[PDB]
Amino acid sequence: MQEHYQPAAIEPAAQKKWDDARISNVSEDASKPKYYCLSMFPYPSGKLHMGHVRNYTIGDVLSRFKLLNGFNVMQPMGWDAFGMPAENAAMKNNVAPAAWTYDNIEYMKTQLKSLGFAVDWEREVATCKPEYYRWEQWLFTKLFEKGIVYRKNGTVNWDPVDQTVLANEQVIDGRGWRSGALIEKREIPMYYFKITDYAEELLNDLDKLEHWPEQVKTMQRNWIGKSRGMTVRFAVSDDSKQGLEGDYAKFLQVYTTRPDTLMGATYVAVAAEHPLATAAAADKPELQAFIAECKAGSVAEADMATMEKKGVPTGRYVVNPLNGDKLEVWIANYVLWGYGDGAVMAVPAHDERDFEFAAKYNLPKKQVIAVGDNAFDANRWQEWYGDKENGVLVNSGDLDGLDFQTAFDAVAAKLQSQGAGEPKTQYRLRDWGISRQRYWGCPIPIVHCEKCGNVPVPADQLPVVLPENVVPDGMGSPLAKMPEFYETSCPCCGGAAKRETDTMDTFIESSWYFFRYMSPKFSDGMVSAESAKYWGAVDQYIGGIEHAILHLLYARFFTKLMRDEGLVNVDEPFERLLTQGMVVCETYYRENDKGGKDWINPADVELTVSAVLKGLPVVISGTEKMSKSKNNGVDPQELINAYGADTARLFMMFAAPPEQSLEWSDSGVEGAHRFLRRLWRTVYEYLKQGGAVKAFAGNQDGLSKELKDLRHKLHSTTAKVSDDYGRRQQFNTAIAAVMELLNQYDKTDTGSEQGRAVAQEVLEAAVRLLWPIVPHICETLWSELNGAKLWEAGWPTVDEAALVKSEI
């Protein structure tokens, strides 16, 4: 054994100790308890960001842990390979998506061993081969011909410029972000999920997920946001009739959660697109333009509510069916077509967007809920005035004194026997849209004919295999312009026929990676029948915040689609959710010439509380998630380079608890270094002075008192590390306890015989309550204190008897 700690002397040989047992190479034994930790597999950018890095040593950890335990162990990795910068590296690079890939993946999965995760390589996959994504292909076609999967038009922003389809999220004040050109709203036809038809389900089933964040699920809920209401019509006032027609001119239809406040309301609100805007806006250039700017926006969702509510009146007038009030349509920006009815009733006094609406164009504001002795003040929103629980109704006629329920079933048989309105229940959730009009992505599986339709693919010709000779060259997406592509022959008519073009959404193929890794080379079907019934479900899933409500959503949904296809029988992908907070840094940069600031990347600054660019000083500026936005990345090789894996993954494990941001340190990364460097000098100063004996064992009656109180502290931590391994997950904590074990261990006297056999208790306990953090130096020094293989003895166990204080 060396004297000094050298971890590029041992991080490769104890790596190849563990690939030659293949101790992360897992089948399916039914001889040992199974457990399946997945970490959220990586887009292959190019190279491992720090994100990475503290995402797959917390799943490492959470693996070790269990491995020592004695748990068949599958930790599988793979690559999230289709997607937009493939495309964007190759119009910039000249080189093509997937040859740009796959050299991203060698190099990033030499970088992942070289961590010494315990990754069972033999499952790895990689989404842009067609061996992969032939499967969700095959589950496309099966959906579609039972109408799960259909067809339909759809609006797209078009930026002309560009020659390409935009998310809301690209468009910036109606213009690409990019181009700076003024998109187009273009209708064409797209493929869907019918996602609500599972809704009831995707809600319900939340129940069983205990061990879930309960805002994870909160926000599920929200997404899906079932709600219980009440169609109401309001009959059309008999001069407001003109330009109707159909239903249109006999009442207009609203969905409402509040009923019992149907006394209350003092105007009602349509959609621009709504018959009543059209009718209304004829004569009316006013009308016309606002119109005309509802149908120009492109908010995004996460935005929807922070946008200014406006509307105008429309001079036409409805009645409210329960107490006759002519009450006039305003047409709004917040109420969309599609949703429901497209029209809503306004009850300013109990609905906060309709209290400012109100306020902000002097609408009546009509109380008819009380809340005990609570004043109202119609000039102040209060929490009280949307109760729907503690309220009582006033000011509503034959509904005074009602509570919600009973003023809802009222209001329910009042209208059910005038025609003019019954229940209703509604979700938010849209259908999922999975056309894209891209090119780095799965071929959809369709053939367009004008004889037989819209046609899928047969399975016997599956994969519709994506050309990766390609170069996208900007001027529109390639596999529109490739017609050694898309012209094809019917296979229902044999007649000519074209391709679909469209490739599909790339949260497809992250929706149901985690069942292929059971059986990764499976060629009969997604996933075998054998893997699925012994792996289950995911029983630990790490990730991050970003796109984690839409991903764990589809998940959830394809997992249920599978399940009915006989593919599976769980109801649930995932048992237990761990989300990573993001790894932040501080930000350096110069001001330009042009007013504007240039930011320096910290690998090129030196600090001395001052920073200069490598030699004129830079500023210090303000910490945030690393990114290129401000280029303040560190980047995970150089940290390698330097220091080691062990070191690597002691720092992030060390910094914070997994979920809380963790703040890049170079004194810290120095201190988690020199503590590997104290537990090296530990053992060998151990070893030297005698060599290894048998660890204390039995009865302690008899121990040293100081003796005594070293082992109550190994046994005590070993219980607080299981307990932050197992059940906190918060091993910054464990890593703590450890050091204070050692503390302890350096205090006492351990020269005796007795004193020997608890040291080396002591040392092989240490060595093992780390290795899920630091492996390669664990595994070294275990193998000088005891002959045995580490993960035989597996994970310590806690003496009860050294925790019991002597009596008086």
Given for the second form:
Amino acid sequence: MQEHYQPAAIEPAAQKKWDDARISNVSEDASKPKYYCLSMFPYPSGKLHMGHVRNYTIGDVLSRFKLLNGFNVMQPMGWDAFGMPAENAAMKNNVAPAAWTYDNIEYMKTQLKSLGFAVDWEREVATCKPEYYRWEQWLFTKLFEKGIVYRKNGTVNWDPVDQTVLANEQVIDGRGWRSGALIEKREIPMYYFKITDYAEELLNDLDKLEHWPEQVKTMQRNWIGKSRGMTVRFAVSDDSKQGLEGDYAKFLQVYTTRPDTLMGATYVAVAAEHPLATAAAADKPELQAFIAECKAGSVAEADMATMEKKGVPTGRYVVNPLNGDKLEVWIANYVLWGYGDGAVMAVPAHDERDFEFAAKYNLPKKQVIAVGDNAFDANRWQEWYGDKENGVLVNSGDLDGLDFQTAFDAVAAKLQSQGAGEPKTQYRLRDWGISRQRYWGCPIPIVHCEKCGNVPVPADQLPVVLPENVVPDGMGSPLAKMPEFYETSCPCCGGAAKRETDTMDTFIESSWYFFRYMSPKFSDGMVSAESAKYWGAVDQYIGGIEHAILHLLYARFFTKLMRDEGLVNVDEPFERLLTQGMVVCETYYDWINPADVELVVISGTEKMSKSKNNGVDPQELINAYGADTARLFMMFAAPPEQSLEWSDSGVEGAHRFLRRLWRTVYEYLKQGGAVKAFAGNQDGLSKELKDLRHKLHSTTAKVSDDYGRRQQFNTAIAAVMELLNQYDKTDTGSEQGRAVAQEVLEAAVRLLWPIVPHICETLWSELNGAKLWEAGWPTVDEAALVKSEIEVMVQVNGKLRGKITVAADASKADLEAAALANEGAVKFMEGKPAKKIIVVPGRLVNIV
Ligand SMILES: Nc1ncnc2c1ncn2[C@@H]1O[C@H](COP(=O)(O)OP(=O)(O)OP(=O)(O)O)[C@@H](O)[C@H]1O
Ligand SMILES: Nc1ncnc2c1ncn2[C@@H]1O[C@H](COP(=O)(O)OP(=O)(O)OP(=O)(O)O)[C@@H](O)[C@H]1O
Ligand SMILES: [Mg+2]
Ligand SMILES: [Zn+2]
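Please give the other form, namely the form deposited with ligand ATP bound, since only the form deposited without ligand ATP has been shown so far.
Everything in the complex follows now, all chains and molecules, and the chain you saw is the first one.
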């Protein structure tokens, strides 16, 4: 063993040893319990940064822990390769997105290999290969014929100068980002997943996820946005039907989640696109001006809550079906056409939005709910006005005295009897729009034939291959300008036809990649039945909380779709979620990387990302310090969920601890070479050695619980540091001394192998000839945790009457119980009671 830690030498050697042993290349091996640990796969940026290092070290720590415990661990890696960044790089450098992607992939892969992750590279996938995306094309065609995927007109942001559809992210203040021209809203045919059909399942199955963070479930529930409410019809008055056609002539239908307050309705509001708004504005130019100002606004909720709520009265009137009141209709900019009925009732006494609306326009407020003796101020909004759990109805006829749920059900039966309403469930969830007017994505397997309609490509003809010899320009999809791509024959009649030129939402690739990892060379289906049966679901998923919504929702949706097609047999893809805090670092700029700088403006610490260029290249850190220093620093600097600050001092600390670990083992074996680790009965060991073994086996139980239950790796490292501290203060020079030292060192390097496997692998080989992964995770010797018994003097009225042997963990009540039963106290207390029993732990007990 060389004297000095040399990571540049030992880290490649260790990586080659694990590779030749194929410990990370796994099969569906029934002889071993499976563990599937997945980290969210990366987009091929070109270069990884410390955030990716942190995410993937965390996944590798968990994988290696389960490995050492005997599990058949699958930890796969791959590339989320489709999307816009490659298209922007293509426009900049005049290269094909495919070429730019594969070059970024090869570089990032070597970056990952040099960090020493225990990754099954034989299961590697790149989502832009036809071998991958043919299967989401396949599932598209299968769902299309079931109607679960359908084609429908939807609205998009059209830029009339760049001649391209824009996302909302690139429409700033109503104009194009790179053009500034005023955007048109156009309706074009597009494809959708009918995800609303699965809303109840996506909501209820969250209860099955007993090991998910509660907030992630809460975010999923809020996004789906289920509500149980009431459809309520208000009859149109006799005088207010002019211009109304159809059902809109007879009643105004609204949706409310507070039907218990229907007696308190004072006005009603419709969306600017509602038929009643259109009829009233026929001769009112102010209503036309208002309608037009609403239609020229974002229904985006990011602007809806921060929007000033405005309305104008229509002069039209409807009748409340419960109390008979005639209420005026208002047009309001907050009523969204498309959600529910596009019309609402307003109860300003018990809904905050309605309260502010009615205050501005002096519209009436009628109290119908009371919470105790709380006083109702028509001019001041109190938070209990909207209390739904502790309230009771008021001014509501025969509904007086009921609580929310009882009133809800009474209104339900009342309205159904009068035919003016019924219970209804709504969801904020909309269907999932699939179509993108972009080149670098999965082609949509549809053919358009003027005879047969829009026809899916037969499975025998899949994939529809995306041509890779293409350099996008920024002025529209190249696919729609490539007749050699879109000109085809119809698969149903054989006539001349046109391929769909839109591509798929790149969320689709990451919605099932975790199943493809189970059998990524399988060419007869998305995933083989045998491999899906063996691997089941993902045991552990590690990735940022920013994806806790759409990505997770889509992945759970696809899981259920694939289950329904009989491809997998689980309801949920991810059993546990770990979402790691972001790594942050200072900024400089005109955005500059901090590596390029020496101690440009020096702005404020902020998350590492490509947008402000503050991403620190791990390759610089590995060249300077080694992979193990990188991994240790990230695992030690903070709990995984907490944010991590880049610190060169933190790197220096990690490296010097690795030297301390090296120095310890080398010094130990300089002083006499390897011996058999201490094992077995420890009676007869010196107090100092018994205490080091107590520290050792306490450290083992603590590290095991921090890896396996708490997932807090910083404290696990601190515990092993305390073990080494006690080791350093223990004389291990004797023959039993050396045996315990060997046992300590053999445990320490196994305990840290998940964090820093390169140094631990090399150190282990110098301590012990067995294979580290066969010796397995260190076990707890519980005999080593029993401290020694004490002798306690039993006194009666002060005079010593007996002695007792109690444990070193015995409470003051064990001492008191043991003292009263000692045969010396019994025959000197004279059957009298104890007026007081003074207990001094470890010394004596005295009964008074
Ligand atoms: N098209 C619409 N545009 C705007 N508001 C609407 C629309 N349809 C219904 N509403 C109003 O939204 C209210 C609540 O609907 P929503 O789906 O937001 O439930 P919620 O936020 O869970 O309810 P709550 O306010 O009790 O917490 C209904 O009472 C109704 O007054
Ligand atoms: N600064 C950071 N600190 C910690 N983890 C990070 C950081 N930046 C990214 N990650 C994590 O690294 C993983 C890769 O994220 P990234 O945004 O690069 O790609 P992605 O998940 O494929 O999505 P997209 O296609 O939008 O880029 C995620 O789990 C993310 O949470
Ligand atoms: Mg369960
Ligand atoms: Zn045809």
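Positions refer to the first chain, counted from 1. Take the two forms, find the largest set of C-alpha atoms that superpose within 1.5 Å, and that set is the rigid core.
Student: If you fit the rigid core between the two forms, which of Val392, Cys492, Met84, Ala378 ends up with a C-alpha shift of 2 Å or more?
Tutor: So the residue whose C-alpha moves 2 Å or more is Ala378.
Student: Superposing on the rigid core, does the Cα of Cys294 end up 2 Å or more away between the two forms?
Tutor: Yes, the C-alpha position differs by at least 2 Å between the two forms.
Student: Core-aligned, does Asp303 move its Cα 2 Å or more between the two forms?
Tutor: Shift at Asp303: 2 Å or more after core fit.
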